[PDB]
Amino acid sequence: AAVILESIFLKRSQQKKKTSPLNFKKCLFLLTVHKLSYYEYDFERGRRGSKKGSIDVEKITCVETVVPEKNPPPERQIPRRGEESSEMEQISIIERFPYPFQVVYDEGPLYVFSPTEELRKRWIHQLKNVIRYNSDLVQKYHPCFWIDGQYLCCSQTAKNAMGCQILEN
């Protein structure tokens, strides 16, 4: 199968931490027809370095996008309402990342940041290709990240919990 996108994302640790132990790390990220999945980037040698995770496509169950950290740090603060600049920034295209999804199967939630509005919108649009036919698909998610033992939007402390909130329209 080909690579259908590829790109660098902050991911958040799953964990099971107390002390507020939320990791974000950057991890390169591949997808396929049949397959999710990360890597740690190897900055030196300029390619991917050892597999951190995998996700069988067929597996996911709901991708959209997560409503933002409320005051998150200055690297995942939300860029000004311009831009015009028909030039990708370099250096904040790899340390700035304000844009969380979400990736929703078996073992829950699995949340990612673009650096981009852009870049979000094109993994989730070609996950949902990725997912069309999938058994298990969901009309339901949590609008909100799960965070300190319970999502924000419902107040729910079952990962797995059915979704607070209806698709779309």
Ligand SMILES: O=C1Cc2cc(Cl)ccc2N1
Given for the second form:
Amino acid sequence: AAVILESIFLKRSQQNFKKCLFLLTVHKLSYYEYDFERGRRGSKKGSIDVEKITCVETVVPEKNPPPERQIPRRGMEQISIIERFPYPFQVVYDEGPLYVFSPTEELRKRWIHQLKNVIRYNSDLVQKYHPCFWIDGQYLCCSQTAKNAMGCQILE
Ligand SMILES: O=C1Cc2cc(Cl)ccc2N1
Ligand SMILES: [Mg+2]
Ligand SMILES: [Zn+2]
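Now that we've seen the form solved without the named molecule, could you pull up the form solved in complex with the named molecule?
The complete assembly is shown below, putting the previous chain first.
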């Protein structure tokens, strides 16, 4: 149907970070190049059928992030909201987890809430998720060295 949410997010490529336009509908989560000059979404780079999503949760953030992903001291500025992306969340599907970084806690919340809504009736929703990122061939949370490894932490 229509776009539920449209945001510019920093996403981690399949093992590099890219700044992309993300669109959510009841059918698809998709991502696009952003045409900054014309102020429009550019060419589609990927799509995930919502029915394939098994898990959407927050990700324990990086220990030593670059400035682009540093969490500011607590408490909308035009530059910061397209330059800084320190709040990460994970979308889990058949082809492993996708890591998306939001510029604000509120934007990440909006996305996690709307994604949990659109996936609510999916057949393969999981009871366990990975609180930490997959990095250098292993999950930091449980040291498991397979991306499709069952979640090491039970969802509350
Ligand atoms: O590396 C990536 C980033 C991405 C986003 C989406 Cl929505 C789908 C697939 C992929 N693969
Ligand atoms: Mg537009
Ligand atoms: Zn784990």
